[PDB]
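Form solved without uridine-5'-diphosphate (UDP), single chain, as structure tokens, below.
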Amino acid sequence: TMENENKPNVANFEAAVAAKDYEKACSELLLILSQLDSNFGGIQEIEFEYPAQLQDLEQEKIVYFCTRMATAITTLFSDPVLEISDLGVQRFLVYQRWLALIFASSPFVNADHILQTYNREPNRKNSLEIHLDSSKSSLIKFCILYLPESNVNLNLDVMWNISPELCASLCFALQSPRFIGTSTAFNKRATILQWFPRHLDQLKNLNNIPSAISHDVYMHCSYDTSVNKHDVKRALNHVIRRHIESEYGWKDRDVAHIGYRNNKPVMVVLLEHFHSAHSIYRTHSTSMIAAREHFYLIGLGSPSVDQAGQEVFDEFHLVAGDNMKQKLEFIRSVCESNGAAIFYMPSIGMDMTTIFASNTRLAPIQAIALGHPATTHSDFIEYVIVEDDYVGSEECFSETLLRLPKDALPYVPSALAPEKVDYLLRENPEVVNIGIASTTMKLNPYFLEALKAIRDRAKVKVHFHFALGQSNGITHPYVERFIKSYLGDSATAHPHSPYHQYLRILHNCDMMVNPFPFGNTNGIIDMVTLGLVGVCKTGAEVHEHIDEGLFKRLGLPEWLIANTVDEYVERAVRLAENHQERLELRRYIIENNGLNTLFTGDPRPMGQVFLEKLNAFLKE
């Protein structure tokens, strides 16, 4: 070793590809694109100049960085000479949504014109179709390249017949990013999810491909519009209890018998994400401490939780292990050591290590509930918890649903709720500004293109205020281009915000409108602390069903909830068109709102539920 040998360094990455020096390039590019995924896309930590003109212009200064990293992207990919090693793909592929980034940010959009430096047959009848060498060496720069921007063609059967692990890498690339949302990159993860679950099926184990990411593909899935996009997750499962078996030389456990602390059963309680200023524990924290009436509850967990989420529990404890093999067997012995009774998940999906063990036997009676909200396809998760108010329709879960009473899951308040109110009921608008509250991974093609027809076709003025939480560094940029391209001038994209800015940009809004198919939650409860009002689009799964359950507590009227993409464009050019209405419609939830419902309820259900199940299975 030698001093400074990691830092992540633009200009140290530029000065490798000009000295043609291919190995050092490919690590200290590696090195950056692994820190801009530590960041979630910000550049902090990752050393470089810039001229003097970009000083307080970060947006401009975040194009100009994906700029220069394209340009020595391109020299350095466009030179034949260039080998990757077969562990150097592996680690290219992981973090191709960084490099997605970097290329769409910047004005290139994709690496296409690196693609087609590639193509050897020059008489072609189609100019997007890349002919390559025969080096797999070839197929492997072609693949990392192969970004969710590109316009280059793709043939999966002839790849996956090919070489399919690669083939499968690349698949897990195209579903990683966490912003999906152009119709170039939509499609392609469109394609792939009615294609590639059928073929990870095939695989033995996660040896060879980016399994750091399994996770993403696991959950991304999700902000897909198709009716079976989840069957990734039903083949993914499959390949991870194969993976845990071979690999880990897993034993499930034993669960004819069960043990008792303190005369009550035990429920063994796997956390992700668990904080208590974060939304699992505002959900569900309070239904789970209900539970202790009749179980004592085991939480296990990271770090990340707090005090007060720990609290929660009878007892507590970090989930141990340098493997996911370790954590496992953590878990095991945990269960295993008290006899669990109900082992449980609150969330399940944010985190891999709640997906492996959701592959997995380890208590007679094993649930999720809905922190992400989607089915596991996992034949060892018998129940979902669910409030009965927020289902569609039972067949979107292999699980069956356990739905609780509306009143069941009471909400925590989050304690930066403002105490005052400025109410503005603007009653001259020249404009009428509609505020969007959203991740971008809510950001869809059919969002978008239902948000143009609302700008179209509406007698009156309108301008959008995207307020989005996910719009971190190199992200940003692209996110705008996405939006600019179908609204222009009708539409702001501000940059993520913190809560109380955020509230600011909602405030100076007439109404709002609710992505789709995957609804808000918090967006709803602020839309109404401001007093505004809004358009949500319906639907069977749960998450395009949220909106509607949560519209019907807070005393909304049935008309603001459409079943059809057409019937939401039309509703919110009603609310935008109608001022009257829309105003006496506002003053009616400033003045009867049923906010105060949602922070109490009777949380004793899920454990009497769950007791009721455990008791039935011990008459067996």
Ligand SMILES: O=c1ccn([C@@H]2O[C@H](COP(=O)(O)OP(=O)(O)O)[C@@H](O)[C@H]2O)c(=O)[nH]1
Second form
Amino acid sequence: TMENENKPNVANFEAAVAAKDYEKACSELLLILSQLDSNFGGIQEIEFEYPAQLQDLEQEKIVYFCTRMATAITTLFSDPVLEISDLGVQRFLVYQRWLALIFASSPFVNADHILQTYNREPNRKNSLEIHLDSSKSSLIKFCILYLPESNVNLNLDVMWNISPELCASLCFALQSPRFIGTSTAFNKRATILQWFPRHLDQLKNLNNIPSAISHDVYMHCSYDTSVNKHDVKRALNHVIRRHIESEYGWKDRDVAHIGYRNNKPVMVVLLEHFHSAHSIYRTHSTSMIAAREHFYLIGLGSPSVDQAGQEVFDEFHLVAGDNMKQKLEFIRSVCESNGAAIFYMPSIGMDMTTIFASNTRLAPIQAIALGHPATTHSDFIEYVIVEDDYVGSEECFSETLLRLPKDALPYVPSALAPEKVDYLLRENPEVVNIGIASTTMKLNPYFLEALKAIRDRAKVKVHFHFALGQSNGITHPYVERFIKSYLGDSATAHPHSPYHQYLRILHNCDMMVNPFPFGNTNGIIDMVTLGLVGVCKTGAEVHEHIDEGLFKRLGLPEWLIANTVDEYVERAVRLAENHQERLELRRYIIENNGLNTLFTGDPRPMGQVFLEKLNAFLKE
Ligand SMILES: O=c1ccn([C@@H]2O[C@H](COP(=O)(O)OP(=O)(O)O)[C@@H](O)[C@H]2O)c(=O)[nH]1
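Form solved without uridine-5'-diphosphate (UDP) done; form solved in complex with uridine-5'-diphosphate (UDP) now:
Up next: the whole complex, starting with the chain shown before.
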């Protein structure tokens, strides 16, 4: 060992590339990509120097970073001699999304200029097709640099014949970014969603694909617009099921007998991201608290859960184990010694543990809620807790929906909610400012085309303020370019901001519009809090339908809830042109709104319902 061997360092990566030491370059580069991973795209704790002019100019400092990184990556991967260790390949595909961002936030856009150096057939006959030598090594390198923004052609069928596993690693990488919003990237991912599932279903386990981003593959499909977007989850479940049987020798429990604690049957709840300042606790703690009239509750989670989270349950334990095989054995053992009636996950999708767990048989009733609002397509999960007013069509879900009364999941209000108001109802707007509260995953070309439509068509000048949740570090310059490609001067791409500052941006707006197809929830509450009204578009999936449910609970009029893009655009424009209508409605909403009603209700049903379903299991 040497001191400072493992510090991500842009100058040391560059020097290793100039010195043609391909091994040190790779490893120095992987250190940087790994850090970008940990930092969620931020560049803190990566060492680099910059021209003084950039000191206070952070976006410009980030673009400078990505530019240095893309030039050094270009030299390195353009060199015909470079050969990547097969360990190395697996790491590069796992970090692909970070290279994607390196290039997309630089002026290069993508790494096609590297790709073109790999062409061998001076014919072409389409210069967007790249004909490689037959070296396995060249196929690899191509894949690593086949970015979501790539313009080069890709034929998946031929690909998957040559190497199934390489090709499934690509599909993973290309599904894993938290921003897939441009036309080029989105279209690519859409293709994968139709093509990849039936191919992944043929896979045997997780050994030679990038498994550390399966949770990302699992969640991100929800942000596409197709009806059958979740098919990849069904496939992914089978491979995980095969994995845990084959690599772990997993055995399901005998769930014919249940045990008892303080004379009640046992609900074991496996938790993801359940801190009391966060939305899972805000939406699901009270229903879990009330479930204690009928069940003893055991909470399994991470040390990230705070005292208020732990107090929801009768008993709380850390999920122990050094790997997945162990954590599962641990979870199994808790269910065994207690003899679980219920296995429940309020959220599934954010951590890989919950995903694995949902492919096992641990209790006779196994059920989830929609903290991540999408069907599991797992045959091991029977029920889905959901508020009746949030369901669109029941056929979006493979599981049976347990539709609970619309006041059955009262929310815990945020401690950050301002106590005082200051409504700004602008009588004279030259400009209509229209806010949009969003994460990067919610952004897409259909949403942004709808927004360009509202801008082009409205007879009033409009300005769009995007308050982008978690837009950040090297992701952000790329997002701003995407937004500007549609709206130019009619839009401001605000990066992630603290709560009071985020509230200040919206407070300067006249109305809001909601993203589709995956809408807001918390955005809507902040909207009404500020006395604002907006448009949302509804649809069949819960994540499309929530906004409708929520608009009705809060007392917003149905004309605000559009069924199609063309209506969405239409109502948005109407809200923007019709000043006095818009203001009357703001005044109506300031005056009488169900904000109150979100925080109260009867949380008992969930427990009640699990009891009946359990009692009926105990007769048979
Ligand atoms: O710049 C921002 C953007 C968002 N948020 C907070 O994060 C929430 C949005 O989170 P998300 O879209 O992931 O889930 P949602 O709660 O909308 O269902 C908002 O309510 C804000 O309270 C914030 O503080 N600053």
